[PDB]
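*Asks:* Work out the full structure, taking the sequences as your base and the hints as a guide.
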Amino acid sequence: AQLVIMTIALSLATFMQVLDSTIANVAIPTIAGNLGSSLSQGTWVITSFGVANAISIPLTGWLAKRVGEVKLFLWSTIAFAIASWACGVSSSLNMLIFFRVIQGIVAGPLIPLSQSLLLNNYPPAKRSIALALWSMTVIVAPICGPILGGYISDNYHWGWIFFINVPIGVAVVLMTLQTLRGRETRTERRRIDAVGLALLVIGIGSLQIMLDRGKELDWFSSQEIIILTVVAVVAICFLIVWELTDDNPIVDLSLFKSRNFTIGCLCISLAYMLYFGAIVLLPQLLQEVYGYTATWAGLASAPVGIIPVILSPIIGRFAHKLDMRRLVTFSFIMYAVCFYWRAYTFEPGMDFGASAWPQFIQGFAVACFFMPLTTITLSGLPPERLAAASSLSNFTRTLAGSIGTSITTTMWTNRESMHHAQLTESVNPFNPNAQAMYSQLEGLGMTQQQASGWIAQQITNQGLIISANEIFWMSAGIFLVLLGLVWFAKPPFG
Amino acid sequence: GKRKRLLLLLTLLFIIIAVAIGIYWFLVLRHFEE
Amino acid sequence: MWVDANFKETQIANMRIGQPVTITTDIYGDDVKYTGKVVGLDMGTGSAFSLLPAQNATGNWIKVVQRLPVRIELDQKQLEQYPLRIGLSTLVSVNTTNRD
Amino acid sequence: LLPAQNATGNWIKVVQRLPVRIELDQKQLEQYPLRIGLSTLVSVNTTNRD
Amino acid sequence: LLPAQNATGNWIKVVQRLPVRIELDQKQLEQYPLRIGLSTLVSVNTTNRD
Amino acid sequence: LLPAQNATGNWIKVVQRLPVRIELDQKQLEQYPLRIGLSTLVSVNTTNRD
Amino acid sequence: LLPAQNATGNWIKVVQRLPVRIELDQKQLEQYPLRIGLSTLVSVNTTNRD
Amino acid sequence: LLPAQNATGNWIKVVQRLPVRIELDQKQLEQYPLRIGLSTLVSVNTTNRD
Numbered sequence: 010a011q012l013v014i015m016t017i018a019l020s021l022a023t024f025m026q027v028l029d030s031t032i033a034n035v036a037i038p039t040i041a042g043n044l045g046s047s048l049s050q051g052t053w054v055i056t057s058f059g060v061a062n063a064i065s066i067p068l069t070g071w072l073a074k075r076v077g078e079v080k081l082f083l084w085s086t087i088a089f090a091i092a093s094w095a096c097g098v099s100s101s102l103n104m105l106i107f108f109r110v111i112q113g114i115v116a117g118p119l120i121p122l123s124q125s126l127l128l129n130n131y132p133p134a135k136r137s138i139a140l141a142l143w144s145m146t147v148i149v150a151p152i153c154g155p156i157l158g159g160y161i162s163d164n165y166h167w168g169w170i171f172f173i174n175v176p177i178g179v180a181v182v183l184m185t186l187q188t189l190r191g192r193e194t195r196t197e198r199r200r201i202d203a204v205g206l207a208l209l210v211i212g213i214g215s216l217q218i219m220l221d222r223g224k225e226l227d228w229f230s231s232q233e234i235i236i237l238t239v240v241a242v243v244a245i246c247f248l249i250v251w252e253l254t255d256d257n258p259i260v261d262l263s264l265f266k267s268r269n270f271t272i273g274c275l276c277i278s279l280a281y282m283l284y285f286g287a288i289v290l291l292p293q294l295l296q297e298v299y300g301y302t303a304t305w306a307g308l309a310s311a312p313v314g315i316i317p318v319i320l321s322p323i324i325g326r327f328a329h330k331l332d333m334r335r336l337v338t339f340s341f342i343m344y345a346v347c348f349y350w351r352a353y354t355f356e357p358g359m360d361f362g363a364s365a366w367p368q369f370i371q372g373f374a375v376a377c378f379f380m381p382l383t384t385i386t387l388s389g390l391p392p393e394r395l396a397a398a399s400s401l402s403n404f405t406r407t408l409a410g411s412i413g414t415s416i417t418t419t420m421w422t423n424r425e426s427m428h429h430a431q432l433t434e435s436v437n438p439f440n441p442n443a444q445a446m447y448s449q450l451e452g453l454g455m456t457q458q459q460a461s462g463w464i465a466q467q468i469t470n471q472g473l474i475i476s477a478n479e480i481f482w483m484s485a486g487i488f489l490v491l492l493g494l495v496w497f498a499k500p501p502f503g
Numbered sequence: 018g019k020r021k022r023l024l025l026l027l028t029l030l031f032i033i034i035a036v037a038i039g040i041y042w043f044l045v046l047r048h049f050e051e
Numbered sequence: 252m253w254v255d256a257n258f259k260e261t262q263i264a265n266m267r268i269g270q271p272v273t274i275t276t277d278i279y280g281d282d283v284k285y286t287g288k289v290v291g292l293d294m295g296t297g298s299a300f301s302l303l304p305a306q307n308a309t310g311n312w313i314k315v316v317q318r319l320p321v322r323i324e325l326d327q328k329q330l331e332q333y334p335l336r337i338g339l340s341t342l343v344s345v346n347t348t349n350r351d
Numbered sequence: 302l303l304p305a306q307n308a309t310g311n312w313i314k315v316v317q318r319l320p321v322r323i324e325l326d327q328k329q330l331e332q333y334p335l336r337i338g339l340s341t342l343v344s345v346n347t348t349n350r351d
Numbered sequence: 302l303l304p305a306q307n308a309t310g311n312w313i314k315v316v317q318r319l320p321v322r323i324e325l326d327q328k329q330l331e332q333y334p335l336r337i338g339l340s341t342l343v344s345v346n347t348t349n350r351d
Numbered sequence: 302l303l304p305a306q307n308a309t310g311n312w313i314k315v316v317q318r319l320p321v322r323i324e325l326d327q328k329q330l331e332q333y334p335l336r337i338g339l340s341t342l343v344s345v346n347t348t349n350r351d
Numbered sequence: 302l303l304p305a306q307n308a309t310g311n312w313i314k315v316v317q318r319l320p321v322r323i324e325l326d327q328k329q330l331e332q333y334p335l336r337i338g339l340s341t342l343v344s345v346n347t348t349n350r351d
Numbered sequence: 302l303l304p305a306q307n308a309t310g311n312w313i314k315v316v317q318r319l320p321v322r323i324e325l326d327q328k329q330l331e332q333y334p335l336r337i338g339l340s341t342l343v344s345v346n347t348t349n350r351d
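Residue numbers (the entry's author numbering), protein chains in the order written: chain A, 10 to 503; chain B, 18 to 51; chain C, 252 to 351; chain D, 302 to 351; chain E, 302 to 351; chain F, 302 to 351; chain G, 302 to 351; chain H, 302 to 351.
Read the hints as simulated data drawn from the structure, not as lab findings.
Watch out, some of these pointers could steer you wrong.
[What the hints assert, rightly or not] List of simulated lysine to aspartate or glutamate pairs, EDC-like, C-alpha gap at most 20 angstroms:
(1) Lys-314/D with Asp-277/C
(2) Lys-314/G with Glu-297/A
(3) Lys-19/B with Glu-252/A
(4) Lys-314/G with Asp-163/A
*Replies:* The following block contains the structure:
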């Protein structure tokens with residue numbers, strides 16, 4: 010059948026972007042080293058893509074209304090394949106940044122355009138099934154990425170991270186051409202608004218730069234961050250004020266007039282903020298405070314996909330007899346349970362299983378959060394506008410993810426510093442079981458200064474674990490309050 | 018259009034207020050290393 | 252045995268010597284109370300005599316509210332019947348109404 | 302050297318532990334030798350509290 | 302008491318700090334005693350540069 | 302060597318491991334030498350409880 | 302201070318750094334003094350390779 | 302300095318690395334001096350196993 014092949018193709022189209030997003034952050038250390046640059050210098054390889062993608066995502070609908078959805082999809086896929094190949098064969102950090110910028114600008118129309126095509130092409134008899142299948146690919150790729158990324162980083166020369174996308178793009182283009190022939194989309198020509206584009210570029214770029222660079226510059230203690238935040242806020246304020254008054258919609262804000270859309274967008278954005286701000290810490294915690302490797306660290310998040318890979322069809326099959334709101338509430342409760350589980354069970358000598366059961370539990374929470382909330386988000390809208398709504402949803406979700414990461418990292422480091430301060434106090438003279446430690450250390454031949462450094466390192470590790478567990482507790486508590494918001498949405502679902 | 022004229026008008030007031038606050042805070046920090 | 256109550260700098264003020272105190276422990280729960288008095292406050296915050304930097308040199312500096320220990324002396328007729336052990340947690344409350 | 306404590310600013314409370322010492326019947330022990338550091342599961346009666 | 306090692310590749314720039322000594326007046330210390338380690342907010346009037 | 306430093310306030314049960322000293326046939330080491338610290342995989346035949 | 306261990310297994314490649322010694326003109330330091338630990342920016346003209 | 306302690310109950314397998322010594326032609330070091338701790342890329346030929 011053509012439907013199944015099309016489903017596979019669009020799943021791959023939305024899978025490649027997530028794979029590329031997740032793999033680079035894992036591979037950044039070795040890539041930075043091989044090109045004679047530092048971690049701060051190399052981390053620009055991620056911020057550039059972030060800014061480019063952030064700009065590209067909101068603009069999907071404008072190009073959709075003119076170029077044509079199918080043509081845009083095909084052209085974007087081929088261009089992304091070419092850009093990934095170019096990045097893979099780079100030979101300098103600057104050239105890598107350039108090609109990453111191009112790749113990010115190109116890749117914007119993948120996820121929302123793919124979702125819109127899948128939603129429209131499938132007959133309404135199986136809309137729920139199509140949406141259920143789509144949510145899987147966004148829930149499995151983030152874990153399918155880091156394992157392979159680590160294996161490639163530690164075994165073969167980098168560049169094969171950006172080569173795997175070439176065959177995926179080739180298969181996607183071949184299948185799309187062979188399956189979507191004749192299912193064209195109506196177009197329309199309209200005037201171009203310049204102030205809107207300029208205001209969007211400046212504001213969103215400034216916001217992304219501020220979020221991605223705030224940490225190293227100690228946020229508001231650097232004038233650069235201050236000017237960036239000022240320009241961002243001013244651009245967004247004036248830009249938003251304009252769009253509601255603009256005749257030609259560079260961004261279609263009329264969708265916010267629907268109560269369901271507002272509530273769904275807010276809920277998904279905030280829940281995603283919490284999720285993505287939480288999961289980011291675990292890899293770093295394992296690699297730095299426990300000695301894990303990248304491949305082992307990624308392997309600790311495998312048990313999340315065990316549950317969704319099963320329940321996703323079952324939820325899709327039975328969607329006819331469920332009040333989706335109750336699924337959202339259950340998922341929020343399940344996310345609180347998992348984070349409280351992590352909070353009261355992390356210990357310096359915890360085995361691999363101590364950080365694998367909680368993700369097995371989180372599988373349920375992730376499984377029943379994307380499909381229902383996205384079904385509510387796009388409820389009752391006409392078939393033609395599904396593209397713009399998807400673009401808005403994705404833009405908000407990505408913003409939430411970036412914000413969550415930015416807040417969580419700073420909180421982690423600062424609370425680690427506080428705990429370090431509160432701990433190093435006990436290490437003084439006038440204290441038994443403190444000179445004994447020095448005696449045992451000097452027994453092994455360490456100097457006095459080396460022993461002091463070793464004690465300081467141990468205090469640092471303990472502080473990181475305590476600070477990391479303080480963040481999980483806060484996240485779960487915050488979840489407990491976000492529970493009830495999903496009930497404000499009316500039931501026109503369909 | 019007119020709504021657009023008041024969109025630029027309200028924005029200008031905030032900007033002027035911020036500029037005026039910038040001098041006070043300037044003088045405050047300039048006269049004291051804290 | 253005595254109790255070392257760590258109060259923040261915000262609370263250290265208004266505490267004098269001899270003020271009444273009430274201490275409740277966890278092993279015995281709320282079924283048993285203790286009476287005591289302030290012996291005095293320490294002329295140091297613990298970080299005074301530390302042998303290592305309070306924070307890392309590489310990292311930035313973050314403000315942390317300090318704590319200052321206080322010596323509290325228990326009544327000895329209650330210990331003999333409800334004895335304690337070193338390092339047990341306890342909730343302390345100091346009456347600061349009277350300030351000589 | 303690094304005592305976990307309810308330092309001011311901590312969001313999660315902690316409960317201390319106090320080791321108590323048990324004694325084993327040696328006739329059983331000689332039959333099934335044990336070794337230092339092995340884990341177990343102890344259930345102490347409290348019906349009589351003279 | 303523990304040196305910072307800047308030649309390690311994994312180096313992130315950070316603004317440095319320099320200690321400065323400030324002489325308090327003893328007459329008001331008797332009225333309001335201070336302990337070692339307390340925290341204060343300071344302010345230096347640099348209007349005169351001579 | 303050094304005590305497992307005091308935990309952060311949580312404690313979770315984990316399985317313990319106990320070393321076993323396994324001899325080797327010297328006549329085969331000379332053909333295929335080993336070195337200190339090389340990982341391996343042993344399998345103890347335990348069908349003769351005695 | 303603490304020797305680097307590179308034969309570990311969790312090893313990753315990072316750029317190394319090599320300190321270089323720079324002299325200064327003392328007359329300039331006469332009127333704008335420096336202190337140990339202050340950060341700086343350095344620019345070396347390598348156009349003369351001999 | 303501290304031999305990594307296995308049998309800790311939180312053990313995960315990681316590859317082990319064994320250092321190998323290489324003598325560098327001394328007639329070419331004088332033309333291109335090297336420093337302690339400078340990273341390099343090593344290629345060792347293995348066709349002649351005798």
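*Asks:* Evaluate each hint against the coordinates.
*Replies:* Verification of the supplied hints:
1. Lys-314/D with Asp-277/C: At roughly 13 angstroms apart (the allowed maximum being 20 angstroms), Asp-277/C and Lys-314/D satisfy the hint.
2. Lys-314/G with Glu-297/A: 16 angstroms, holds
3. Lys-19/B with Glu-252/A: Satisfied, since the Cα-Cα distance of roughly 14 angstroms is no more than 20 angstroms.
4. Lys-314/G with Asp-163/A: 10 angstroms, holds
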